[PDB]
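Asks: Chain by chain, the residues run as shown.
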Amino acid sequence: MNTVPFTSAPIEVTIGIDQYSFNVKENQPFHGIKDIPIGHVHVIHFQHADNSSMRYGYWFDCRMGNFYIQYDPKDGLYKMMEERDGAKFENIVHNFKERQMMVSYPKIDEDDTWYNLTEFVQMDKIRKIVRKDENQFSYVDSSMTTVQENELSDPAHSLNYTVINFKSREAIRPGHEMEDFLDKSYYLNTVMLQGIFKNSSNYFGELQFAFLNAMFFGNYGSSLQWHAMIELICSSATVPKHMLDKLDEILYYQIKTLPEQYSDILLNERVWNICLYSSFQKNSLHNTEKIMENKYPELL
Amino acid sequence: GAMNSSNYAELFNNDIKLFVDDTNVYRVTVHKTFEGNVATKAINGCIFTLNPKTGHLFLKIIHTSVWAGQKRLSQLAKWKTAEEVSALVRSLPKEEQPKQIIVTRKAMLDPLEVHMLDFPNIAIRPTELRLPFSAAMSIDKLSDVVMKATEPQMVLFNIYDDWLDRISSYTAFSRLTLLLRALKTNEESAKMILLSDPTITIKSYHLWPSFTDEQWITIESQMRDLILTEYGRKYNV
Ligand SMILES: NCCNC(=O)CC1CCCCC1
Ligand SMILES: NCCNC(=O)CC1CCCCC1
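Sequence order for the protein chains is A and B. Offset between the first sequence (1-based) and our numbering: plus 528. Offset between the second sequence (1-based) and our numbering: plus 1254.
None of the hints are false.
Some chain A residues judged to face chain B by a derived CB distance under 7 Å, without partners named: (1) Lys-695; (2) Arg-697; (3) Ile-700; (4) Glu-705; (5) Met-706; (6) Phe-709.
If you want the footprint, here are the derived chain B segments under chain A, 3+ residues with CB under 8 Å: (7) 1332-1340; (8) 1358-1370.
Just so you know, these hints were derived from the structure itself, not from any lab. Ideal Cβ placement from N, Cα and C applies to all residues, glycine included.
Make the full structure from the sequences, and use the hints.
Replies: Quick look at the structure:
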């Protein structure tokens, strides 16, 4: 099980690791997180106690390198770095673990919440959405805009999600205007799945990554992407049955994990009412409709 | 954005624009079935596409055969309209193509937008004006060409006749909308007003009677009276 050590904690900060969160006081003796589940991507994220503006964090996979956190007093943030000296890293971590200066990642919840939220998410696909090729880990924060947001301004700091636009030539075959607008199956299956994503696993990976960036950083462009990718499936009359069943599971965990007090800003009333009650797939999302109706009957 | 009373003079500037009205595209007669159920029979319809500056009317006649074997006709009518408007635009030389198309109903926006994706520089706009273009089928010569059509057909008219020789397009549009509002509120009375005097005729190449300027003031006053009366007869006032 792997470890992300911290050099120190010079400023008071709430640190979150996946769905978990904990508070660290200013100059508290804290040297990181141990017992992290190999086999998943992970996210380590930060909200400073002084300035709740900018939630920020790092997506990483401990199989790809030895990563640690160090506060930078010039840029004012906790930065992820890679240690290339493996013997140095092990020695620092063993000495740190021996002194119980690290908090422990929980054992595994019964619901398998993180696995279910990240089932299709791969580091290699994150790194093509978040382009910083010199690092093995990816920085995201609350303010980063998406490529599609920028077409409607710094390209290096953008989220390169796949552009989905229902009133676009890519979405609408000349001569099939009514057909393709009212039934998006062409756009889902030929354009996006066969053409761009190659398979449904990559589609679901981007959908899950967008949701997690929306939830953990309040990233508005990521919320737009998550809803667009849901709406494209629900608005298609022809969807592989395995995809519908898997989508229902994906969304159920996302809705189950979403804080109840963030629903107003992170859930789009129009998309969800269309998807659950009006769309072609209105009857195909049984688990998602049930948790939505028990948890957020107001939105509906 | 939306077109309303504030930006109303924009209609008569030198940017080419078209109104599109799709209320009479899908029309039916109702008949009880032998079993006592209700059944509709479609009748010929039309798209009303109007340049408000010049009076040019592109009347696309919708023949009932376009509905044969089709489902959800009110929803198909929206996309058929948009298909025919897009086809019209593509048929016009570039310098005659509109910069804006204003739809009279909010349900035409998405179908027209999707059909006009190839024309990103043509703006598709709603309006908050409640324009009386549905009454176009109360104009006898327009109703006649629609009901006699045996096949899809486009017919070109000038809905202002020769008025623009003597009045501005703002005034001509105001006259047209007054006439059509009257025909819509009480068609029989409006038609009595327009034809009571048998010495005033409709030229073969015109839609409306050949009124002198003075007679148009009398006519327009009689139409206003009709509208106000009906609005009393309606609300009891
Ligand atoms: N999610 C709130 C805390 N949930 C825990 O089970 C304890 C935290 C977990 C991360 C490590 C520090 C203690
Ligand atoms: N536009 C859809 C069809 N509606 C009409 O054509 C109006 C008629 C007028 C009274 C007879 C039944 C309806």
